[PDB]
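Student: Working from the sequences, and respecting the hints, build out all of it.
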Amino acid sequence: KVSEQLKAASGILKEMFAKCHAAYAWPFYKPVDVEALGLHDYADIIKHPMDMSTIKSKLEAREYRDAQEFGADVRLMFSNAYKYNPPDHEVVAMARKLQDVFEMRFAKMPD
Amino acid sequence: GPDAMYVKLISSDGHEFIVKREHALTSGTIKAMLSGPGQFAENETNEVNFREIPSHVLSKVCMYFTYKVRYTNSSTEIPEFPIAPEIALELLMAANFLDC
Amino acid sequence: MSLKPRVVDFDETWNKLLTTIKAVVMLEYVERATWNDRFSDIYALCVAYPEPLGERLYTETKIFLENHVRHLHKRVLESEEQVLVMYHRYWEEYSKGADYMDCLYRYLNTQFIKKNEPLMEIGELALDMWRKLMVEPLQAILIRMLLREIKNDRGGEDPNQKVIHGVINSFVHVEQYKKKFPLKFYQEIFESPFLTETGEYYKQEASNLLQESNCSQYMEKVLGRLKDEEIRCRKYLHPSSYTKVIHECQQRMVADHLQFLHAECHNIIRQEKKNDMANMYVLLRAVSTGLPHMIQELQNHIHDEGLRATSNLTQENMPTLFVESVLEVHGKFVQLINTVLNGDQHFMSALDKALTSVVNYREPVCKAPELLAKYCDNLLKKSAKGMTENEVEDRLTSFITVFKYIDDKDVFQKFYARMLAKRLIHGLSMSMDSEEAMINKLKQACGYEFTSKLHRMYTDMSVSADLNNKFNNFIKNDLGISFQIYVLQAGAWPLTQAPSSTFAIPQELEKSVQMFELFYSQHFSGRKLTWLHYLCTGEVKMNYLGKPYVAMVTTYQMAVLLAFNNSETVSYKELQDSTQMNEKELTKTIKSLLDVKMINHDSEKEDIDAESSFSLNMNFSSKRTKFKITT
Amino acid sequence: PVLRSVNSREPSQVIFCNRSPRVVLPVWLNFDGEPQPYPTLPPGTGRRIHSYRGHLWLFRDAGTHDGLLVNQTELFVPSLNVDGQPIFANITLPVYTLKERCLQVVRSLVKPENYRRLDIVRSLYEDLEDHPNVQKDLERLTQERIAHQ
Amino acid sequence: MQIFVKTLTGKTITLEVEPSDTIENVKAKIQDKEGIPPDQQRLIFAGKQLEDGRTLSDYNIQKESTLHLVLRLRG
Amino acid sequence: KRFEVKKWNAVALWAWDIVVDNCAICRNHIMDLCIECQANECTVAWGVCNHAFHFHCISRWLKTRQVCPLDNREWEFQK
Amino acid sequence: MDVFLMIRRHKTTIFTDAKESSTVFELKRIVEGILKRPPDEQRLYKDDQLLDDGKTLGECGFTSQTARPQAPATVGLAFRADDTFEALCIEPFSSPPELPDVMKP
Ligand SMILES: Cc1ncsc1-c1ccc(CNC(=O)[C@@H]2C[C@@H](O)CN2C(=O)[C@@H](NC(=O)COCCOCCOCCNC(=O)C[C@@H]2N=C(c3ccc(Cl)cc3)c3c(sc(C)c3C)-n3c(C)nnc32)C(C)(C)C)cc1
Ligand SMILES: [Zn+2]
Ligand SMILES: [Zn+2]
Ligand SMILES: [Zn+2]
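Chains U, Z, F, R, P, C and Y, in that order, give the protein sequences. Offset between the first sequence (1-based) and our numbering: plus 10. Offset between the second sequence (1-based) and our numbering: plus 20. Offset between the third sequence (1-based) and our numbering: plus 6. Offset between the fourth sequence (1-based) and our numbering: plus 315. Offset between the fifth sequence (1-based) and our numbering: plus 4. Offset between the sixth sequence (1-based) and our numbering: plus 54. Offset between the seventh sequence (1-based) and our numbering: plus 741.
Don't take each hint at face value.
[Unchecked claim] Incomplete in silico selection of chain F near chain C, CB under 7 Å:
#1 214
#2 484
#3 488
[Stated by the list, open to error] In silico DMTMM-like links for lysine to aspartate or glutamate, alpha-carbon gap of 20 Å or less:
#4 Y:777 / Z:23
#5 Y:777 / Z:36
#6 C:117 / C:128
#7 F:10 / R:442
#8 Y:752 / Z:62
#9 Y:845 / R:428
#10 F:120 / R:442
#11 Z:40 / Y:842
#12 Y:752 / Z:119
#13 R:426 / Y:842
These aren't lab readings, by the way, just hints derived from the structure by calculation. Every residue, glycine too, gets a C-beta built ideally from N, C-alpha and C.
Tutor: Put into structure tokens, the structure is as follows:
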């Protein structure tokens, strides 16, 4: 099964790394750069960040075994933004859209 | 090779400065002096007498001409132009008079 | 001895400066030292510590300029009809001095003037004062004497160029007025009267010339006058009114005499008029719409000449006259237009439109496709007395020029296909490579979807050799007949697939066919062969006389002659039962044998019926042993 | 107004590089034309910045409010990045005239309530009073752009 | 009655389609006269896509008209 | 026999089972050379369905994909 | 790159530019073009040391970092009269006035 779930997770990740989801998915491509973005309390408040580039780089290594680790990583990545930002925000709206996409494609999870 | 395209400028105290004409035409007043009734001809020497500008100001003005000609339209870094603090007022007067 | 503000006495410095200013305005001699010195003196008055004096200097300079200008417009008014020479002499000095004065008032312009009747800079004030001088005398008197001199230039003698050009250029110097009208004073003061006078003069001259001349001599004179006007405008006017003057002259002359050239345009076209067409075109191109009528008469001339040269006769026996006539007409008039009218694709389009109607005539079915196809075929035959290898392509290169003008490409394709089949199935083509060149030309002229079922025929006629070689090589794996077969592609060749009647294959030729389908099925799968028995030819050496009679006949003749082998006399019923062909086909082949006198009917019945019995002629004789039927 | 910023909402990455011997202060033009200031840059430094396409930046001096040159021009409008690369931003001293250089030195050395005790000409008194202003520069650029079109 | 359709390779062919038949029927006729399944088909008439679930009479198709056949498209 | 036959010639038309078409890749007839060939013997390839294709065309494309350009189903290359 | 100098004799100052690879017989030629003295009698002096003929400026000790346009160097000049050289002598410039009270730090 390992092959099946790993292939499905890679497919979902690459579909979220698509060419016309860029309307609401470009922030998460690379690590958050507080120095070049102008943030002070981000590092203190959010202890653990996560992102697509690190996910993929770890994927090409023997580090990801079960799809639940990937699911927890995705949930952590969205919860970080939900925690840091106020309720009404552009990043909140775009993260909610991407979360609905992930929820659909994870209800479509072949297992 | 050697030429006579160099103007000669004379200070009030009796100093002679020999500067290239293209460098000198930066000043509007010098251009006005050299362009009109009083133009040179034959075996004459290109001279302009400044009876109201001492030597330590005219040398600064000549160095400014050289600096401006050298560091114009250059992609390299342009250093600051130094001015001693005890000549600032005289330099300001001479710059206002010479239109530069 | 410093650049510090002071307290200064104006009048001494004002006098010392006013002495030099007059020597600068009039271009006098001033030493170098004073020129350099006065710059310090102006600065001294411009930065005087109590109540700086710049407004007073401006006011005192304005009075000097106004006095100088008012005095100049005394000594120029008192001139007694020699105004122009004094004006130019007093203008050159004032201009070269007003240019130099501005360079000496630089500090006042930079500091005081450019920080705020609006005040004007010195060089802008002097030109305004001269404009005031140019208000009263310049307009009436000097515009009159300027128009008179240019009128006197039209013949007579040549007045001085420098004075006139300088006075004309003077009005342009409103230069420091760069706002939506740098050249408005010039126009309003000089250009409109000049245009009106030019119009009146050229109208009257055109009327006078038309009164005492014909249409042939009119054009050369008009061209000469136009060239003179063009070469004289550059000598006097500012480079912004050449087009207006030339346009007004052309409009006046030609438009006023328009319905007089459209009368001779018809006559010049019909005759040669080599030197008149160019003169008419060069002066009718630039005036409104005069070309269309010439277009129409050229088209009519082409149509009339083409019909008179083609539709008259063609000797009723020779189709090579059509192409030669059309080509000669086209080449002659293309050369004429290129040599005289210098392109002008309107006339080329008219020529094409007229040749299209010439070639595609239809008396109240057009014969153009038939003649074109027959020309191609007779040119491509083997040889009667025809041309050589590098002449057929030479003529066919120009043939396509005639070819493009036909409107029915389909009929030409049909006729060419039929005649190409006829030429190919008989091996009578002059050179096998020529068809490839003709196909390439037709493809380059029409398109790829137009010559496909000619290129496929070429390829088949090329591949048949290899297929025959292959079958003859792989046969030996005893027939008695030399077998050469053409394999053809159905759906492209114009051959009727449906047989006319049921035909029984000759018994002696029953193994060859079966071996052929066996081989073809073995080495070519998916193909359904069909046999057309009315294209095959056979050879027979008869062995019932004392001479080696050898004949070439068709398949139906083969079968009918073979039928007699059992007995010398056979009835119609026996032949009908054995061959199972229709009555019409058997009748035709029996008649063909009767015409060559191979057989004779037993009874006197000239027609053919159920009881028709025939027996071969006993004593047929022929001078030539080898022969072909109705050769 | 005319000169302002457009909410393109598309990311862009830039590198502010300083090659002048003075301190630099960037100012960003808002969506209504009211400029806003941003932290300063030490001489000879390169700082990575995140911005949007179609925004307006102008570079000034920290304390003297003098103007400097970016990419050998006055303004800087970022463009979308290609090949995943950042776009450099050179900062260079303009070649001042002698009058302006002397005015700067005098302004630095003299208190702004001690001008009319200098032994100079009358006009230089108001010339020294005419301080550089970002508002004045923006106004001038506005009619410059208007006349260009 | 009879209309005309153009293929992808350059030829043109004709069909006898009444103004009462559905566009699906036209697609099936094209498929059997050609080698293109109906899923990969698209019809152009006056620069307008023809919906599968309709008929000719709704689109006001007159006599002897011509239609362009193009493959399936997506954004 | 009364006579002997020496030579014979014949002609014969033919057609495919059910096919007529143009190559959909390079838009040249099935019985014609390729554009790649024209720059200078290649045969004609067929399919399980009724598509007459072109040997060089179909090979150069089957280097990447499999199915028919008109049938995105499969490829046979047998007959 | 390029070095800048100030050739000086008595009250006359000559402004020129030169490359580090040039020798003394390129300054001598310019002095000839402007002053027109004996061609082989211009002993060029730096500080208190004589410079030879073929030896370049870089060997003499000229660098482009310390001979900028804002501050060129100085090379003395000596002509020969009556077949004997005159002792080097350069006259200094003027002196600035006293700094005013208002500008004092
Ligand atoms: C070091 C330095 N050197 C001399 S000055 C300087 C410096 C210069 C600029 C900056 C930051 N740049 C700006 O503030 C830009 C420059 C100019 O284009 C105006 N500007 C703006 O951001 C303006 N426009 C907007 O902000 C657009 O409106 C969006 C709502 O405002 C968001 C305010 O927060 C900006 C900083 N980011 C955050 O607080 C969180 C961060 N935002 C985002 C983010 C925010 C909005 C969107 Cl649509 C997408 C992503 C973010 C990420 S990761 C990432 C790469 C980004 C850009 N992110 C994620 C995931 N979760 N949170 C984030 C403004 C003036 C209204 C603040 C920092 C330092
Ligand atoms: Zn092909
Ligand atoms: Zn091929
Ligand atoms: Zn298929």
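Student: All the hints need checking, so say for each whether the structure fits it.
Tutor: Structure-based check of each hint:
1. For the restraint placing residue 214 of chain F at the interface with chain C, the shortest Cβ-Cβ distance is roughly 71 Å, beyond the 7 Å limit, so the hint is violated.
2. Hint status for residue 484 of chain F: violated, given a least beta-carbon distance of 14 Å to chain C, over 7 Å.
3. For residue 488 of chain F, the shortest C-beta to C-beta distance to chain C is roughly 4 Å, which falls under 7 Å, so the interface hint holds.
4. As the CA atoms of residue 777 of chain Y and residue 23 of chain Z are separated by approximately 11 Å, the hinted pair is consistent with the 20 Å bound.
5. With a CA separation close to 16 Å, the supplied pair residue 777 of chain Y and residue 36 of chain Z stays within the 20 Å bound.
6. A distance of roughly 14 Å separates the Cα atoms of residue 117 of chain C and residue 128 of chain C; the hinted pair therefore holds under the 20 Å criterion.
7. The hinted pair formed by residue 10 of chain F and residue 442 of chain R meets the criterion: a straight-line CA distance of about 17 Å does not exceed 20 Å.
8. With a CA separation close to 26 Å, the supplied pair residue 752 of chain Y and residue 62 of chain Z exceeds the 20 Å bound.
9. Using a Cα cut-off of 20 Å, the hinted pair residue 845 of chain Y and residue 428 of chain R holds, with the two alpha carbons roughly 14 Å apart.
10. The suggested pairing of residue 120 of chain F with residue 442 of chain R holds, with an alpha-carbon distance near 14 Å, which does not exceed 20 Å.
11. In summary, the hint linking residue 40 of chain Z to residue 842 of chain Y is not supported, as the alpha carbons are separated by about 39 Å, beyond the 20 Å threshold.
12. Restraint check for residue 752 of chain Y and residue 119 of chain Z: not satisfied, since their Cα atoms lie roughly 26 Å apart, outside the 20 Å limit.
13. As the CA atoms of residue 426 of chain R and residue 842 of chain Y are separated by approximately 12 Å, the hinted pair is consistent with the 20 Å bound.
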